[PDB]
Amino acid sequence: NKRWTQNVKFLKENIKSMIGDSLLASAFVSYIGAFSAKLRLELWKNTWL
Amino acid sequence: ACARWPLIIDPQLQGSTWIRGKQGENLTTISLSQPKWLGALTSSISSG
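Top to bottom, those sequences are chains D and H. Residues in the first sequence are numbered from 3430 upward in steps of one, following the authors' numbering. Residues in the second sequence are numbered from 3527 upward in steps of one, following the authors' numbering.
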């Protein structure tokens, strides 16, 4: 019960947090890919995140 | 996880070698300069 309540509560926090993730993921897959290491990193870590 | 078709910019052929690795079976390689290339694609589209 204690180990399945913990898996529930974590998964409920893992829905809403996999809504903000998917935005970054999608934004990243669509555009980033034509750029070079340094610039790619500056787009998703220095501006988006 | 690509929605659009993957066009790959690969000098040094790192990308090409890895697609042959990942897609091992029936990855039919077709230069645009191949003579019957329209036939080989349209047959692979239909069942490939």
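Any given hint could turn out to be false.
[To be verified] Looking from chain D toward chain H, a few residues come up when the C-beta cut is under 10 Å (computed):
#1 3454
#2 3458
#3 3462
#4 3463
#5 3476
[What the hints assert, rightly or not] If you anchor each label on the Cβ, the simulated ranges turn out as follows:
#6 D:3431 / H:3574: 48 to 54 Å
#7 H:3536 / D:3471: 32 to 38 Å
#8 D:3447 / H:3533: 44 to 50 Å
#9 H:3534 / D:3431: 36 to 42 Å
#10 H:3549 / D:3476: 32 to 38 Å
#11 H:3546 / D:3437: 40 to 46 Å
#12 H:3565 / D:3458: 30 to 36 Å
#13 H:3553 / D:3433: 41 to 47 Å
#14 D:3462 / H:3574: 21 to 27 Å
#15 H:3530 / D:3474: 37 to 43 Å
#16 H:3544 / D:3471: 21 to 27 Å
#17 D:3467 / H:3529: 37 to 43 Å
[Stated by the list, open to error] Chain H residues, not near chain D, derived (Cβ > 12 Å throughout):
#18 3529
#19 3535
#20 3547
#21 3552
#22 3555
#23 3559
#24 3562
#25 3564
#26 3568
#27 3569
#28 3572
#29 3573
Honestly, the hints are just simulated from the structure, not real lab data. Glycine is no exception: its CB is placed at the ideal position from the N, C-alpha and C atoms.
Checked hints:
no. : hint                        : verdict
1   : 3454                        : holds, 8 Å
2   : 3458                        : holds, 5 Å
3   : 3462                        : holds, 9 Å
4   : 3463                        : holds, 8 Å
5   : 3476                        : violated, 21 Å
6   : D:3431 / H:3574: 48 to 54 Å : holds, 52 Å
7   : H:3536 / D:3471: 32 to 38 Å : violated, 23 Å
8   : D:3447 / H:3533: 44 to 50 Å : violated, 29 Å
9   : H:3534 / D:3431: 36 to 42 Å : violated, 49 Å
10  : H:3549 / D:3476: 32 to 38 Å : holds, 34 Å
11  : H:3546 / D:3437: 40 to 46 Å : holds, 44 Å
12  : H:3565 / D:3458: 30 to 36 Å : holds, 33 Å
13  : H:3553 / D:3433: 41 to 47 Å : holds, 44 Å
14  : D:3462 / H:3574: 21 to 27 Å : holds, 25 Å
15  : H:3530 / D:3474: 37 to 43 Å : violated, 24 Å
16  : H:3544 / D:3471: 21 to 27 Å : holds, 26 Å
17  : D:3467 / H:3529: 37 to 43 Å : violated, 26 Å
18  : 3529                        : violated, 7 Å
19  : 3535                        : violated, 8 Å
20  : 3547                        : holds, 20 Å
21  : 3552                        : holds, 26 Å
22  : 3555                        : holds, 22 Å
23  : 3559                        : holds, 25 Å
24  : 3562                        : holds, 32 Å
25  : 3564                        : holds, 28 Å
26  : 3568                        : holds, 28 Å
27  : 3569                        : holds, 30 Å
28  : 3572                        : holds, 28 Å
29  : 3573                        : holds, 28 Å
Checked against the numbered hints given earlier, this structure breaks hints 5, 7, 8, 9, 15, 17, 18, 19; the rest are met.
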